[PDB]
Amino acid sequence: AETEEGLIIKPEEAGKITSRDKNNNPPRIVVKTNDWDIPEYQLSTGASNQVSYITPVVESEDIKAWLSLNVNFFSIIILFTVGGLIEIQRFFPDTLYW
Amino acid sequence: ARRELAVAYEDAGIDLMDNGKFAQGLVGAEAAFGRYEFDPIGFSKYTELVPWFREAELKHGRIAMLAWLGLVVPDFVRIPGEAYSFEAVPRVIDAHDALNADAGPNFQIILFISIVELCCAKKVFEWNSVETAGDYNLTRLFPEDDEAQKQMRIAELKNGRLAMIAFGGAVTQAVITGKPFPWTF
Amino acid sequence: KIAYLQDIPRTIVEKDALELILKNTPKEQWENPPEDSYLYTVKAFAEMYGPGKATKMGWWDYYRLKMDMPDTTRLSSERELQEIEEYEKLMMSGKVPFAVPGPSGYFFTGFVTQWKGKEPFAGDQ
Amino acid sequence: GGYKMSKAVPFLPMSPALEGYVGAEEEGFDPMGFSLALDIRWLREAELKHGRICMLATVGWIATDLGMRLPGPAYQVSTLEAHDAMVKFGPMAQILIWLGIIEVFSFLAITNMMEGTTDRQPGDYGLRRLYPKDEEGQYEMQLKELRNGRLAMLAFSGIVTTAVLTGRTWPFXXXXX
Amino acid sequence: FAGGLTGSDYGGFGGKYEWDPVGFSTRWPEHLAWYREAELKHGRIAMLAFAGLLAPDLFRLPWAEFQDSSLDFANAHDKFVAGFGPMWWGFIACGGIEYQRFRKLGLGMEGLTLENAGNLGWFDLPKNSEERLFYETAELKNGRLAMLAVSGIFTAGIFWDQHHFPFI
Amino acid sequence: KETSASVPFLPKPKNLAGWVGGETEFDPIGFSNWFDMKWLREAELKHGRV
Ligand code: KC1
Ligand SMILES: CC1=C(C#C/C(C)=C/C=C/C(C)=C/C=C/C=C(C)/C=C/C=C(C)/C=C/[C@@]23O[C@]2(C)C[C@@H](O)CC3(C)C)C(C)(C)C[C@H](O)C1
Ligand SMILES: CC1=C(/C=C/C(C)=C/C=C/C(C)=C/C=C/C=C(C)/C=C/C=C(C)/C=C/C2=C(C)CCCC2(C)C)C(C)(C)CCC1
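Residue numbers (this note's numbering), protein chains in the order written: chain D, 299 to 396; chain H, 4 to 188; chain S, 790 to 914; chain W, 48 to 224; chain A, 915 to 1082; chain E, 14 to 63.
By construction, these hints were calculated from the structure, which means they are not laboratory data. Among the clues, some could well be false.
List of simulated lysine to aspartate or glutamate pairs, EDC-like, C-alpha gap at most 20 Å [what the hints assert, rightly or not]:
hint	chain 1	residue 1	chain 2	residue 2
1	H	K62	H	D42
2	S	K842	H	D14
3	H	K48	A	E944
4	W	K191	W	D112
5	H	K62	H	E147
6	S	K855	H	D21
7	S	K812	S	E869
8	E	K25	W	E73
9	W	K51	H	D21
10	E	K27	W	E162
11	S	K855	S	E869
12	S	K816	S	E877
13	S	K804	H	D14
14	W	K51	D	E310
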């Protein structure tokens, strides 16, 4: 997806594949690590202007799913309730109306 | 034989092999009477850093070549103005102390040199090979033949090395004397 | 011999450092270094970069590689390995290099007191 | 014959994220490689927003320094104190509320564009007035917008710094340095 | 250790010392000629330096500019070099001798090896082959000692303001 | 992928078929996709009348 044009090659052909890219970047070696957070570490063969984003990949759907977690829901509601109590106390102090 | 960075850059990167030459076949060793491969502490044996070292040597020589010419010209002409007059900054060396910090002159020079360096920094680390070390595409008076290109490359290095040493004497002699361009007592 | 330990470029790791690694690493682990062992990284890279393989690297990849290899000073020398191989031998042989507690620590008195008693399984002997 | 060399910095190859975008493949200025580390769409959105903000702010500073004022005695302040005086006056909070709702809509635009739910160009909000019909005309009009935005960004930076350094209205011609 | 150089051997209670606890010889074996040449030339100058500081206190050269008091070891240098002076007379002399060393070993000192180092060829006192080995170690052991001695002389004499043989 | 007529830089709100503002579909936040839009219409109409 994000490496639609990388000429990604396997360790077995480190010095065999030379066709560079749609750019002129040399082929990159893909190492299949067993870590789930880093399933594949890509190694370069030379100087290259490769676009490797440092930003994460978030989406609205799973951010909303995280905010739909019971902690976030029951923290937002209780925060709003406490804030409403504080605002009522500021606006109607000493419960004079009672 | 000066491959253009456009193509030369296709063989850039941290080379993991050894040319077998003195310093990966780099200019600067050929002396007058013959070869003068100098490195006595064996820094060039770390072949992975030879393109880096040549870049540092060229960068230092280029700064020193201007810097030595720097200490000469203020002693004979100064920018038209009172802040740079021969009475406000008598000797050239008392300029980093006078024109600096809140004054403005040196601070602006620091920023714009920083901007250039931060922009031309990707060439120093990436795109830097044993072939395009110090080459910033500014090849105007460069000869076309290979052997004459080596002479100009050798000419810059010898001048840069000389200015590096010459500037060292320039500030040291000036500071111990407080005297004009010929810093003799 | 082992394939990946031959003709390894000095740029990947120096000769003396590689010999120090091989000495520190147990012999049985040379063929297939385990994982998280400097020799594992040496194998995983020397099989990618070398004379017949990719001879160049990006500056950042080489920088990260140089921070994964040993820096020639974090490896035990021959005398230290002898110290360990003999200290463990003493401890397993039932003899203790005698030491005496001090100001938050202990001074080694340079004496081998035979520790296990006549009944080696007895706790009070 | 080799890398697509950047036109701005001739000794650095052009970043691949600068291909086919406005500005970009006429100068290709990115020596530090920010486009190599961040999404080009988000960078372009930020650049266009900054350009528009500066194009409004520069003209606002010009108008305020030259003497244009709203018909209220509460506005008889210099441009330097305009921010603090109006923050204490109230309208800055209201302006912030309005820019907040507009930026909520802009944030929705960014979220729905980056996720691909819509087909929005980075800085496009739909406004099509004085926009050339021909595709090359649209490209060069976007070029003009980018150039004017960058010029206004640098110009406003200089205007603010010079105005703070030397208490003086916009032209700064008299001054003393 | 360090070729066949005689720095070790005949060196105290142990026959051989071989003190190189940084490896400046193994790390740079091509410079063992240079290191000996430097070590010897350091010793000879230091020995003349220490024997220097003492003799001006009694006799002074007839140059008639050095024939003045108050020229101790903290001011003789900066005083003699003039607007040239005696210090240039010494420096020119040292140039004459040092030029001779260039001729014997070539311009680049290519002939400098691990056996001809610090051997200018002035043989008047030495005899035989084993004595030359014994005398070469006697040279260095005196030379290395005076190198530390004049080092202590210069530092202690100018810090504590002694300027004379006790240097205390 | 169509866009809303009202806010052309946002996707066209689904579930907003023709009720009144079907020509200017306006739901940036997306309550119609989160709630039963019949209830939303009832609330809007009661609010407007009140
Ligand atoms: C405190 C500072 C100090 C001084 C001042 C000093 C001095 C001399 N040491 Mg010495 N030394 C240490 C420190 C000092 N040594 C230490 C910490 C160690 C343990 C590693 C150590 C060990 C040895 C050995 C093994 C030998 C040796 C030598 C000499 C020597 C030569 C005399 C002569 O030969 O002319 C002189 C003058 C050789 C020998 O001859 O000792 C008589 C030799 O074999 N040293
Ligand atoms: C910033 C600042 C200041 C400053 C400053 C600065 C920048 C000071 C810089 C000082 C600097 C740059 C000092 C370099 C010395 C280089 C030396 C000594 C090289 C020697 C090299 C030697 C002795 C040997 C050389 C050779 O052996 C070689 C290598 C090969 C042989 O074949 C030939 C020979 C034997 C000859 C002020 C202005 C002073 C005051 C102000 O307030 C604050
Ligand atoms: C920031 C941070 C930090 C800190 C933290 C803290 C320290 C916190 C605290 C917090 C807190 C400590 C808070 C508190 C709060 C309080 C409140 C919020 C209150 C409330 C109250 C209420 C709510 C009440 C109510 C009522 C009334 C009034 C009447 C009726 C009845 C009742 C009782 C209900 C740190 C550094 C660590 C880290 C980083 C981050």
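Exercise. Return the numbers of the hints above that this structure violates; sort them in rising order.
Key: Going through the list in order, the structure violates hints 4, 5, 8, 9, 11, 13 and 14 and respects the others.
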